[PDB]
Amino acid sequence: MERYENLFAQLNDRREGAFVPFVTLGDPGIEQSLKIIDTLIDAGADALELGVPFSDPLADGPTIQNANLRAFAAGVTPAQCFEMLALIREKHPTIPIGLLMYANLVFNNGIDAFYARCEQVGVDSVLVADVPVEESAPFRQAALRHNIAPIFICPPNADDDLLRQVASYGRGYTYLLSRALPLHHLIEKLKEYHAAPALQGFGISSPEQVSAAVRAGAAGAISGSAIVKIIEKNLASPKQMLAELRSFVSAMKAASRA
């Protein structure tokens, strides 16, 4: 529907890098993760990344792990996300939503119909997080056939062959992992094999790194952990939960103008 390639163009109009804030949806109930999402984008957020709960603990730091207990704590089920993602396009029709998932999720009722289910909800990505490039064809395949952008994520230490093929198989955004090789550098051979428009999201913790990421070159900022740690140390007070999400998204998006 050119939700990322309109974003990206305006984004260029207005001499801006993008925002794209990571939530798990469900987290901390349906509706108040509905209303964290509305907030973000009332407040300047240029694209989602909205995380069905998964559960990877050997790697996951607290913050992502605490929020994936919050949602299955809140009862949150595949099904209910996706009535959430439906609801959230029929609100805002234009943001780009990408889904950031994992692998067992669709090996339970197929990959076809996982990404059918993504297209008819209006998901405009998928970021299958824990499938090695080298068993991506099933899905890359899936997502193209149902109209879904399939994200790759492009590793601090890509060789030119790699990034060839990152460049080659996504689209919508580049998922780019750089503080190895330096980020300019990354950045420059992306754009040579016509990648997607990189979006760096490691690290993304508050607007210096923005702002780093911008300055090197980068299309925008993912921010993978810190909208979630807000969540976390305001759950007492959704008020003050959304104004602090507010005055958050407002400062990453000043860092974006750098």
Contents of the next structure:
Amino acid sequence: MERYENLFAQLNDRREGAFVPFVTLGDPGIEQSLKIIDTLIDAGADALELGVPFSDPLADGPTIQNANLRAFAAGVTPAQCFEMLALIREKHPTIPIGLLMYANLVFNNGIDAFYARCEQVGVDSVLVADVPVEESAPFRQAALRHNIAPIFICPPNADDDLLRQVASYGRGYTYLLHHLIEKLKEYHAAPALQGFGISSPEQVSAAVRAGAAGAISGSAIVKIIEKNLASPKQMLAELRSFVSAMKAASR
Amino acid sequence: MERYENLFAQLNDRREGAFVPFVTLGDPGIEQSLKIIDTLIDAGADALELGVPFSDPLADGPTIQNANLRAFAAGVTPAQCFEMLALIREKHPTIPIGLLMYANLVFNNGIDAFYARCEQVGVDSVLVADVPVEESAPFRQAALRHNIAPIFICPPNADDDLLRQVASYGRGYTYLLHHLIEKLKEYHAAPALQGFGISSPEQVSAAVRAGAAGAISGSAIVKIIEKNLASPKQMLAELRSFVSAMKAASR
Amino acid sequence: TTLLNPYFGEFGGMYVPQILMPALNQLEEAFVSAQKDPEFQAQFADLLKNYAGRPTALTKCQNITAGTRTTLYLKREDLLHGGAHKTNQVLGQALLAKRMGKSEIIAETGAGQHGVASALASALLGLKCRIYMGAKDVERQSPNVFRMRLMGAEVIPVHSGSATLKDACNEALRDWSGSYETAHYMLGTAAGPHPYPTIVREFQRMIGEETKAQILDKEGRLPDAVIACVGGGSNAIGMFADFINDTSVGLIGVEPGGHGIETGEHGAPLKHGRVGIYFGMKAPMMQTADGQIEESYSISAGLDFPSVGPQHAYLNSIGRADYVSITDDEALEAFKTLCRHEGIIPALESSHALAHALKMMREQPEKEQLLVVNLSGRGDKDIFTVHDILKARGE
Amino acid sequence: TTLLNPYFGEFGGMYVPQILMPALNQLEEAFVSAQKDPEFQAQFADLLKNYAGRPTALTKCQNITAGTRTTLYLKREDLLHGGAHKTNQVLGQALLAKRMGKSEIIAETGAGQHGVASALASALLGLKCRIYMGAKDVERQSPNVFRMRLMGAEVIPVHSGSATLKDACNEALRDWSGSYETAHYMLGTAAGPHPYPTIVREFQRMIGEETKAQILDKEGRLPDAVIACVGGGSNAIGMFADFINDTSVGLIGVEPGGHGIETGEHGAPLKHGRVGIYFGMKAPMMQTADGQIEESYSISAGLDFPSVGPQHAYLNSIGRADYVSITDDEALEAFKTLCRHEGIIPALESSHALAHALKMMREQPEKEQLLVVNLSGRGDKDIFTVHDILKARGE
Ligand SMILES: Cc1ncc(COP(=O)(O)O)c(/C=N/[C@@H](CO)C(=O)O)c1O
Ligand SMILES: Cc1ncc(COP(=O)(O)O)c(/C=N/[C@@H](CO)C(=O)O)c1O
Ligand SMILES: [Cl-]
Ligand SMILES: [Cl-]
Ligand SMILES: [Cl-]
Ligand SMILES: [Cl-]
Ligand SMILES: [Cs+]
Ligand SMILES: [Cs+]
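Having seen the form solved without the partner chain, please provide the structure of the form solved in complex with the partner chain.
Whole complex next, starting from this chain.
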């Protein structure tokens, strides 16, 4: 499809950044999670970054760790996430849906088979957290074969070769982990989105101010889920209170 | 003095062996011990072998070990034993009194001073348990200087050089720990007394039968003291019941 | 781009978040530089000889092979300072860390032997050390938890997952992802992302080099087989490496069978797992049909790991090395047998390699064979564990 | 009559019941025979090298002497199989025992290191072993009580007396007085009746021989002083022996000061006892004014002994060797310091010798001095003891 292009063309012509919330699928339950994601969308999330619970999330803090164990306690499997994903795309035809995966869940039953499954349910992009561009060739080929954008992190310690490789290999959007925003607009690189420490409206604003095309709240939306496990109804309202405020800061 | 000579001349001309009980001084108390020793004498002990409680009796079984700890619990010191010894000689002018000592108690305040003290209280002999004839020169000189007989053990694994040395160096009596009884009568050795496993009347008899001049009950008289700590009066009667029987077997 | 080949056949790679690739490339260049540097080698050789105690003995077992045609030597890494082979390559990584200007050290440990080694090396060479350990392994390997603490290191129990080695590895790689600026991650086995499986092999290869020289001096020929337990792979590749091109020499790695392979409760992914991507590497692992990492199990903490180093997976695939498994009960009997008949108390890890050697002898007692078992460690850390087992079994 | 001189000056002798003199004379002749026998020496040398791990390293401490003119090496008997120097002379006595046709072994132990060594040697060379241990030392040295038991030996706690080393020695010499027919009494220190102080010295003298060769190779001159803890005397005479005729070399033995000499609670008879006759020897001991043996004390079980070997009393008397004392608290700080700044965990016994070396450095930091400390053992057996101490002290 063409979902990431059209989103960035609309937010540009609206003079607003992209707000992309992260949330792990099935946190804390399946039908509970679906209502969370609907509520993030209702309050104006421009796209979604969605995690699949993995056994050993060696690149994730304790908030997402317990987010994962919450879903495993719910009995959430990769198979169940893809049934969620098909249900979310069927409700929301235009919103870009991006996955944040661990390499083993992509590699497990066949790399091409995973990305084929992504296209089948309407996923737009996949960032594999523990696959650097040096190891990415079979992943980004399977991605591009199935009309999935491969996302790559542009780390703070990025050298110039990395910058060009990320510009060349990456589609959809660039995940910024001043000088770097310079050099990705350099080489026809997908729009950069800041993801380091966005848990306030006041850090979204600043990220849009520095020239990025958006910001990703890599967690503390999952802190909202954690803070209100026993209070489902209050969890939803408190979630909208957040994302509305953060999306209000996007402009 | 001449106490050992006269005793063996009397038992010979009586056609009877010597019965020599062992008992540790101050076991279980000082005035208690004195009554024990009087009672061993009343029932016909021909001589005495008396131990001084030592800290680490590395050549004594557990019966004598507790016999010693019984005396230390009583507060029995070497000094107190010598006051006992002077009191026993003052009651019993003719009975040979032999000490079984550990070398440190003899060496502690001067070897000559110890044997001088022995003569002063009327002791007749000293066997130092952990002084072999090879190490005995200063002990048997101090002994002979103060008219004390040095006693030496003739072990079961005795070679011929040992036999002659024991015959030459030893006075009073030989402590046998058939072929050996042969070879001490050989070389003008003091009368042999058996001390291995005499706790019955039936092992005294046998020892006299094999040509020895007597037998030493190295313990189980101290088992009588152990068996009757709480029953002082019954301890005395049970003690005489033993030694009378054992001395009855001497003939 | 790298200086060295990051893969062994299909296995290996550098499957880390992009943020850690500069760290991995920096370690690789420092390693290549150091390997070329006579002054590094002279310094590394000096610490191994005068501080750690190399060469270690090669001990011929007189008693346990009686009545058979097996001649069995034990390579005595149990005599190395610290009590295991771990100490060899931490001294080399510590020198590398100073070479890179790092002043902190991060480590994982399950048997506590890698934690002890990291701590002693950091104390010697003035580095600040922190170490992740499974809360389960804190308990069955408690002789090593004290030792790490009095040497000035921070021991951090980890309660996530199976509370075992895997879980500490996860914590440690998370920590280094933020702290790599000033800290070196002193990985404790021949696994993880390149260059670690290569570095750890080269800093352990003296085991096999010495063994070759010693067995030539004593027997006038090479071993028929060298036998080592395989947890992540460092002691075994350390023994194998110098024999790889000696094709007459068999290379046998022994994974923990735990309660028995058929029970699922084991640590033998090489032969009873399947290839996945985890801990920075593409390697055999024990994993659900979903691709979740299964939890491993072994009576020995040092082998309770659900993956294996990629050079072993490669050596297996081409047939150069064979891999087998040995159960808890088998390792315990080899432990008892070595204590009673040779007066050596081996690590329960090393007991797995001994157990397989004893099986090679006993199944074919008239087969003439010269065997070497890498005795990777001493079993003082295991005596309380072995006590409660044999007590509960009325033995 | 004997073949060798049983005394050192006034000290020594054979103060045993007559029944044991044939046993002592038989051991002496077998020893003299063996010392002349190249095949015994080649067999003893082989076990030391290929089973025990000799030579042991000589480690230069880089950190703990910084800022001073002291150069401090540690002779690493902590790297010997079993964890202490004890192992050296039990391998030689075990060979002697087989030479005499004995098949049982009796031993005493306080730190359990001699019990461990006796058990490992008996397991290796097929001897039946039984070992007496103080019930107090059963408890503070419990890592060694298990080790002895899985190697097939009988550990017999002794509750008489102070329930320490002295009390086991008493039991053992009582046992041998009846069992000497088939059993060898493998005495664990340079004390007791002749020929033991001589045999144990000669079977330990490789410590000092190696140290001389190593310090010559590394420094080109002999040490200013060699420093060893003194419990019964075996590690120290093992280090001293080859230096005795090198009169420029100081010989410093360190007795346990325990809670302080003035408290009476110590194990320093050489300097704070007086001569007596006990345990088959005439030697300094701690004794009442009555001549009862006093009970000794030290935080370290291996030094909690109220006498000392007669060669040390002799070397002291003629001025060849100096003897000093080091308190519990002093030894504990040396223990901590070695762990944190050199990454070696020393035995609390060996910590006494280290503590005095640290005092020699710190009292005179501009004094140029080349020192060697005999690190008699590793401190794994002490970590639980050191834990409860530093915990009760809020440290
Ligand atoms: C004495 C011994 N032998 C073998 C191994 C197995 O590890 P490799 O395959 O040799 O790398 C271990 C493990 N040690 C690690 C894991 O817990 C640790 O201590 O932290 C071990 O301690
Ligand atoms: C590691 C260490 N260093 C020094 C000594 C001190 O003994 P010496 O003077 O060298 O003979 C000991 C003691 N060991 C005996 C006593 O308990 C034992 O284990 O049974 C020790 O274990
Ligand atoms: Cl054989
Ligand atoms: Cl040959
Ligand atoms: Cl210096
Ligand atoms: Cl030089
Ligand atoms: Cs494993
Ligand atoms: Cs002492």
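Positions refer to the first chain, counted from 1. If you superpose the two forms and keep the largest set of C-alpha atoms that fall within 1.5 Å, you have the rigid core.
With the core fitted between these two forms, just one of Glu31, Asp56, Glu232, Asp38 shows a Cα displacement of at least 2 Å, namely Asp56.
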